[PDB]
Structures are given as structure tokens and as C-alpha cells.
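Before any questions on how it binds or moves, here is one chain, the form deposited in one PDB entry, in C-alpha cells.
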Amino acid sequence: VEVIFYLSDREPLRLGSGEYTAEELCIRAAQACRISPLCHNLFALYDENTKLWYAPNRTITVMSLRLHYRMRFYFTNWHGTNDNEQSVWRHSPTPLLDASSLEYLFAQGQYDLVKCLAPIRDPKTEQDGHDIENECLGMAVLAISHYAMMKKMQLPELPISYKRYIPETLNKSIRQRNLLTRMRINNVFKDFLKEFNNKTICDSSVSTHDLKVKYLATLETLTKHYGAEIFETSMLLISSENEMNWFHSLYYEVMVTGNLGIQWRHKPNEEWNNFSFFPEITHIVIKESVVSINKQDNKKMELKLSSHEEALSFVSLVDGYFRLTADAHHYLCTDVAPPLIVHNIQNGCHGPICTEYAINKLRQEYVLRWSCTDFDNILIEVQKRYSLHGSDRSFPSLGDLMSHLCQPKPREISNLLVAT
């Protein structure tokens, strides 16, 4: 009955008896973790036991239930430290992630690696498997070294071992190997740690940020489909005006990624078929457990998931991504529209945006936006009632306060968009 944080020193927040909505909780969480108002949209709530995400509009009526506050919408090579991968950036009037969000992503990466939510890739061969295990030890060294740098302690100061900083499956794999192999691994680890902390760390003056980035990039390369969600289905439909391809008799996978959009494939006993990138979707309809995604070319993808909740999770992912790369003020399905965005466009309120865009929007025309620093006020301060900074009259809603007191352009560019 609480929202959990992967950060080291962040107590969870217990929920009392009452009605809640996922978005408000995500705001509280974003506030708790010093997350900027721009990056708040990247985060969502994950239901640990059912393995199902919550859409922003999902109502929680309160039993034991533990929800993880985590970054859901991810873009490979956001760090731009990859030459074989396309760069990711944000429109200027520049990087995707700030430090605050990056820290949380790092914590998240550690938790995922250890608890195997981010499982290691399968070995193409025995040596490759060994090499994967080696890289795991490397990751352990990275984690421990980061912890060392943060606490301003050195190697003689720290007591610990590699065992709680690797995937549990590998650890348990190791504990069943003979003594000599366990000894060997532990020694080799200790050597890696020693060398890294004696020479490399200061020879190149490796910062903490650098280690985080390294860790996460290694996560991208070392684990299965990192920063991606895969959905199973036994009934898949890909159709157009003159085509109607139905796949049936869970045998089919549909993957959603932030830099390739929606893809699908026959679940293996090779490569993914691209359906659509996000900007091409016009709308998404849900009927029961069935999701129907409509593209601009009148093409359609339709799939039947396990239930309604999973459909909500799926579309909420797709929708969030659409907001991330297409239009920051439009939504694709009413079933998962965040009340804020609805009330936003309903009252003609933009999103927090860089000023140049505001002044430009004002010049080529009163523009209403959101505070680029905090969630508490609209650039007018809203509370649990709407009013101005110096005002005393609590107008029950924005519309009322505005009545007694321009608009956002569809598919308009901004720093709220990721160029991929």
C-alpha cells in the first residue's frame, strides 16, 4: 500500500484510506526525488506482483500493495556515447536527461540488473557466456566504485563483495559451482576492483557521472531489450485498404521502443517487423482486452492481450511515447488520458516550455504554460483551488478563476520533444 523508490536514502510513502490517481502520485514522487517538471512525464508506476503498469488516469481506491515509481519511457543511446547508434537529443530554441533523473535511472538500473528485471543476454557461445559473466563482474566493480566515490571513502575504508551487485541468477549459479571456482571469481573480482580503483579511476579522473553513463550504456549492450516493453499475443492483425493479415494459433510478440516505435514478430522457437513509429498513429481504440492501433496511411495493427488492464498499460505506454515524440498536448486514447493534459488543453494550457518558445508564441500571436521549476504553479499558483500569487480567492477551478479573471499548436516543436 505504498510507492517505492530505488534511490538509496528515500523512504517510501504510505497511503491512507482514500481515492488516488496515478498522476498525482507520480507528481508526489517526482517532487520527492527532485525530478524536474519536464522529466516527470518519463516516469510511471509499476505494479510489482501483477507486472502491469498504471495509466496516468487509473484510480486507486484503498490491504497490501506495493508500487514501484520508475522511469518507463526510455531512449537508447540517450548518453550519446555510442558510435554505432543514432544520437538522441532535445530541440533548442539539449540533452534528454538531467543529473537528478540520471541518478534515479542509475539506481533503477542497479535494481533491475540485480533483481533480474533486466536479464543478461543469452550466450552466442560458451566463451561469450563467460565474457558476459566477466562484464557482470565489471558492472559490480562499477557500482561499488560509484558507491565509493559518492561516500568519499577509499578502498581501505570500505569493508562488501560482488555478490549483492550482480544478477541473483548468476550469484545462485556461482554458489553451486565448486569452491575453487568461487575463490577464483572472488579473487578476479577483487583484482578488477583494485586495479580500477588504484589506476583507472584517477589516471583518467573518471567522474561519477561518467560511471553512471558507463553502467547504463553497458546495461543497454549487456541485457535483453533494455528500455523496451514486449507484449505477448495469440491473435495479431496487420491490415490496410487492400490487405488483411491475421496471425493466430501466445505465439506473437509486439515490442514498443522509444526510437523505433512499435514492432512485432513471431515468437521464436527472426527479426522484428516495423509497424509504425509514433508520429504516424492517429488514434488507438480499446475494446475489452483488444487494442486497435490506427496509422495515418489507414493501416491498422490490432491485438488481443490478456485483459483490460494490460491493454491500458500498453496504450498508456504508446500514448506517453506519442507525447514524447509527436505532439506534447494530444492524446491517442481517452481510456488513458491523464486528467492534467485534458484539463490542460480544455483550458488552453501548454506545457512547461523554454521561454524563447513562449516569447515567440506571444510575438507571432496571453500564453498559459507550466512552471519550468516546480509543479505547484502555472506560468498563478494552484493548490489542493486556483488563485494568483497574491490572490486570496480560491476559485474552485482554473476555468472559474479565468472566467472572473492563444493556445498550443498541434505537433508543435519544443524541448518537450525528443529528436531521436
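Only residues modelled in both forms are compared. We call the rigid core whatever largest set of C-alpha positions still superposes within 1.5 Å between the two forms. Numbering follows the first chain given and starts at 1. Compared with the form deposited in another entry:
In a core superposition between these two forms, the Cα of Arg393 is the only one among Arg28, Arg393, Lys51, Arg34 shifting by 2 Å or more. In the core-superposed comparison between these two forms, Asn242 has its Cα shifted by at least 2 Å. Moving regions between these two forms, defined as 3+ consecutive residues each with a CA shift of at least 2 Å after core superposition, lie at 241-244, 390-394, 399-405.
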Given for the second form:
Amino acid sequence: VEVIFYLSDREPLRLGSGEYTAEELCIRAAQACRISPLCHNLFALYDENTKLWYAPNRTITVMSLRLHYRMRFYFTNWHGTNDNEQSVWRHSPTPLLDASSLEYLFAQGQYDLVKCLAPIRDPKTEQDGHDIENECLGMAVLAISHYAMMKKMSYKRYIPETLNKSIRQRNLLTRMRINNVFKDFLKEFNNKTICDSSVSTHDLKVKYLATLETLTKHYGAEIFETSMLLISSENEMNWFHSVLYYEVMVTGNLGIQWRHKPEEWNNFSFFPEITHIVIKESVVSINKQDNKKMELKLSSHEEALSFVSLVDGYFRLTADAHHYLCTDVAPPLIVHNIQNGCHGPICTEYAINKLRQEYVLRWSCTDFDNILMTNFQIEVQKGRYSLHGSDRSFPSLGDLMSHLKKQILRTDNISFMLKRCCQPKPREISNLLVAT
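The form deposited in another entry is what I want next, because the block you gave corresponds to the form deposited in one PDB entry; please supply it.
No partners, no molecules, just the chain.
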């Protein structure tokens, strides 16, 4: 049992016997990769063998199992370098990703490109195909250039393995040719372009990923297959019931769409329109506000949990940060935070504003072991909660609060007592939500 990172300098987390949840392993993973509390929910555990994701609440018990720490949730053109496509941003009282997440995504992107989890798009013509191969050489140049730039200093290990096997089938002269062309690209890029266009590492990673969005098939999207699909509203009933024949695609920007497996994708729903999701065995039922619903049969209960985890996560990212659509995949932290009236890693400004409107409890934007109370630090040590500086802990946040409310809190030349908590409200705006 081990959790793997696409970052090279980061060794994998090995786990001993005992129970874990995917969430806390993701917490540990985040801390290991210096991923901020803000970006944590963008990540999840992926089993490269079963090709399934873990729900935040999935219990893991220790055998030998290789799980992958992956950025799962994605919004095309988060980078904003695509002047044609849509613009993505976090609300402010602001980009989606921070440097940590960006680095990890870059590493993951390289991994996906090379190992072909991000398969290169199909060619429209021979010429287009060659152009694609050339772009791949470009990508290799970007990767290498970035590596050299980072440490202050062959293309084979930086291109999709498919293209590698393809190139290995051509005559030796052509391979020498490809080498020469690549060397020329690399040289010309590092000698002229880096300086001329003042290309930083950031720009580099951005162009790389931005290029992945157009170079590869369905980047950042998750496609699920089914042979039993039902869409029903007060206007229509479409019942598809034939090998699998139908596809349901999930993306952050467009939401839930579906089609016949080779047609243009049909829009079923964006996430804020969803009221709830029910799972029964392999059957997933998604319900919208206008009572329009989708039902589909997946291949297992696990795949159902995977799917609903994806949709629920996106809902949390786009609609309501402190809500869950399905008990089966309900993240422990979201539940416990709902129960304790505690906010996610919101900006302090939001907290202040919320106080102006009508104390506030919020997780820290800096580290995972702290709850900020509005500014005062509360420490969370291995299941136990306590006030920073003190030496008395409690089995839960509630008990701490109960004890805390009875105290006269003193700051420099000021004394007061905690009054009431302004807990989160439904679908309220904050930097935890992605505007699209």
C-alpha cells in the first residue's frame, strides 16, 4: 500500500496496517507536496490499475496497492491564455491554482502526455499528423527547457510513447533528421526565445498545459460508458437500451453531457442545477431542480462512487462549498464541518464581511492543522482540538467551543467573550468557488 506523486523529488507515502480514508491520505499527500488547503479539494486518489477514483469517504485497510495522487478537478482555460475560450477565476471580496498546484499539475501533465493518459488527438490529414508530431517535439523542448531553467543550468523521454514507437519504425536517416530538428528547436528556444519573449518557468508550464488542452483528447474531462441510459423531464423521455453504446462526459466548464458512442454532446446539466444524486449498486440517478433527471447503469458500485464523487466535487467547486449531493460519497470533512458550522479555507475578508452583515470559524488558508476563529489560532492535533498557546485539548471542536464560550478572552488592552457563530449559508459566494 503506497501513495505515489508525479513530483520526482517526492518519495511515495507508504502506509502500515490500519484504516484510512482517501480524504486524510489526500491531506497528507497535500502536506507532502506543499499543496495549500485552498487547492486540496482539487486532488484525489487514482488507482491506475482498476482505472477508478476513490471517493473522499472511501476506507482503505491494509497486501500491496499503488494509489496515485492526482489533480482530478479541472477547468479548461484556467490559465486564461486562450483568448477564444471561456475565462475561469476564483471569486474575490484571482487565479484558480497556486504555484504548488501548478507545479504538480505540470508534472502530472508531463506524466499524462508521456504515458499516454492524455492521448494525442487524431490527425485530420497526414500534414496535420506531422504537425502534431512537431508540436510534441515542441512539448519536449518545453519540458527540458523548464527542467534546465529550474536547476539553473534526448527528446524520447518527453514525448508520448506511441509517437516514440512510431518514430522507431522509420529509417535511420529520418531518425537522425528528427534528432537534428529537435536539437535545433531546443537550441533556438533556449538561446533566443527565453530571452526575447522573457519566458519564465510559469509561462512555460502554462503554455505546456494550455497546449495539452488542445493537443490531446478530452483533457481534464472524465468519460463514462454505459449501455443503459435514461434522460427524463416534463417535456421528454429518452431511454437508451441496446459492448457499451453510450457515453456520459463530465467536465468542470460544461458539466454533465451525454451522447451515442461513435454525434455532438448533449447538455444534461451544469452542477448548480443538480439537487441530489442517488446510487443503487451500479445505477446512478442525478436529479435537477426542474425535476429533469438522468439515470445510468455503470459497470460497478465503485465506478458509481467514482462518478458521483466527481460530480459532487465539481458541485462543491462551482455551486456550494459546504454541501454534498450524495451520502455515499459524502466527504468526512464536509460533513463534520457542516455539523460544526465551520467554513473551508475562505479569505479573512469574507469572514469579516460576514461578521459585518450579521464570530466565524474557518479552516486556515496556510496549513491543515489549524482552524482560524474570527484572528485567533485553533490547533487540531491528531483528532484533538485546542486553543493555540494553551495546554488543554478536547476530543472534538464542539467540546473546545463549549469550554471556550465560558472564558473571558483578553487581547492587548481589550477583553471580551465569544457570542455567536455565523455558520455558512447555502450557495454563498467565496474564493472557494470557481466562476465560469
